[PDB]
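Single chain ahead, by itself, as structure tokens, in the form deposited without the named molecule.
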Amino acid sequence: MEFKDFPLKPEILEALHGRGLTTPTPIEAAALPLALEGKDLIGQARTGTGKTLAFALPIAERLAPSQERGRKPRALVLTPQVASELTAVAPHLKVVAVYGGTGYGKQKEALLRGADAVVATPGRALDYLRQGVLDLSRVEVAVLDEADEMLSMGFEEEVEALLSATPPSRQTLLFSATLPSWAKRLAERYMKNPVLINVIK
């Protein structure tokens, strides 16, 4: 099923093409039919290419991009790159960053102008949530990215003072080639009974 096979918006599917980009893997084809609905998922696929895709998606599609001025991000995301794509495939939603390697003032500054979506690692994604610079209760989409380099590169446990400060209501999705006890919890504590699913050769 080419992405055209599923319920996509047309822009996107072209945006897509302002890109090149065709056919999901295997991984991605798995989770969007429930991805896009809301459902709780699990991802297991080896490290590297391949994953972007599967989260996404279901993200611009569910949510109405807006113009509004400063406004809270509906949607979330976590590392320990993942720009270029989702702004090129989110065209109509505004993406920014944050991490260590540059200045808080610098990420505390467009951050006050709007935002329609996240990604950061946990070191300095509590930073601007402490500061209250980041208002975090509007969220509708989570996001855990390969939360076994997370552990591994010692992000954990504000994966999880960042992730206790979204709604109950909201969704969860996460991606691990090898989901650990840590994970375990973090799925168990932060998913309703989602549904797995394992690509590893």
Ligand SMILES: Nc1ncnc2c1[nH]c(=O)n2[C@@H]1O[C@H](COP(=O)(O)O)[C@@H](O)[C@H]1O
The other form holds:
There are 2 protein chains.
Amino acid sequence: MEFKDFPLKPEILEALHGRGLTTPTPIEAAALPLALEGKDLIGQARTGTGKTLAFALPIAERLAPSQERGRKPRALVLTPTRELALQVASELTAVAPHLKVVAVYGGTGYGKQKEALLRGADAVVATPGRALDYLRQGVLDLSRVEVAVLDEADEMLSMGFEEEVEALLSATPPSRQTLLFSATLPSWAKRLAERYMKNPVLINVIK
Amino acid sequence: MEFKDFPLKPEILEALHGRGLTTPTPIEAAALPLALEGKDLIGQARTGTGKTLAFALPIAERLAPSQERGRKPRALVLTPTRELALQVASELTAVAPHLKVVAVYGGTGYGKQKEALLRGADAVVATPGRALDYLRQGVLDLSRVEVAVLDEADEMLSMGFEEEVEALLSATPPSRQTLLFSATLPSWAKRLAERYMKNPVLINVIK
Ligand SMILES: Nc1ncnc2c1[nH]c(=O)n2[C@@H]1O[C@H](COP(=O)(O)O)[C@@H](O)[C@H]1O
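To complete the pair, please output the form solved in complex with the named molecule; the form deposited without the named molecule was given just before.
Expanding to the full complex; the earlier chain stays at the top.
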């Protein structure tokens, strides 16, 4: 199946087409039917392998546009690094032209990102330490998150973000959809699946 | 996604709708994009009903009608039990109305099944012992198999059919597509995968 073969809004298919994005990777191909219907998934694939559309398209498809000033984000993507936050945000912004996407990461000041959150966001793509700095401040409100994504969860674990990731997920409604990407499914990932996911389907494309 | 949302032939969708089946189960939904594109998959789902369309629809879609007298099957579905051979043959028959499906199983004589095979077959659904016996007789020819399915591999193991299943797989062309369904993924299944499958994606829906 090409992306054209999935039940995607015409505007999303045209945004894909324009970027030369035609063909889901195998993890995407298997994940999309479930993810598009709101189901929780664990995607296990070789690190850095392409899987972004497995969560970006479900976010694009699930979230209608909003103009409401100071609205809280309806999608949260946690990723380990600024570099991945910037790359994912860019990919998501391109496939969800209707959504306000804000990247959040430390190693710079608070003002700029604080002002974006306070203005409005539909999707936040965040490194966990900086994201948590915001929740306890009262600036990041996670009470409307509909879709949470854990990107490169093994790296988040190796970096020592376990407690931050958990606290951030705990600040979201358990009624959300959760998508977990882990190369190796270590004990922490399995704890996440048990504590923070609902009957998640495992898709493993490490051949 | 409903079955109508996949790229299936209209006559196959009509066959499904005529059986009252509109919606894939999660295993079916996640499997179909890859299976319809000819890729190998391991589907980990509970024993019993709920998985047939993950292999029956790819078989229906992949195989064009043929009228050749005495033709050899292009799909082989192995089941652990005689009851399931009959059940799966019936299910496949219904969704592939353009194909001749022949059930092969013990617990009865050899004549009717042998006559059916000699007349010709597009798909054979078999228990492993009877299938290997007909292979040895030169009645069942597996040289044209394009799709091989192992439905309920765990029971095949517990019943002691490992040798027979491996011999049958070995008798088919390695160019084929292979779909393996297992509730537990025991070692034997993993070694079958390693030997007989091509970079399979694993999809585990067990709750
Ligand atoms: N279906 C798809 N087609 C093309 N590029 C994709 C894709 N899904 C996906 O995530 N990408 C990109 O592929 C990148 C990874 O590619 P890699 O490093 O494995 O060559 C990801 O970071 C994305 O930028």
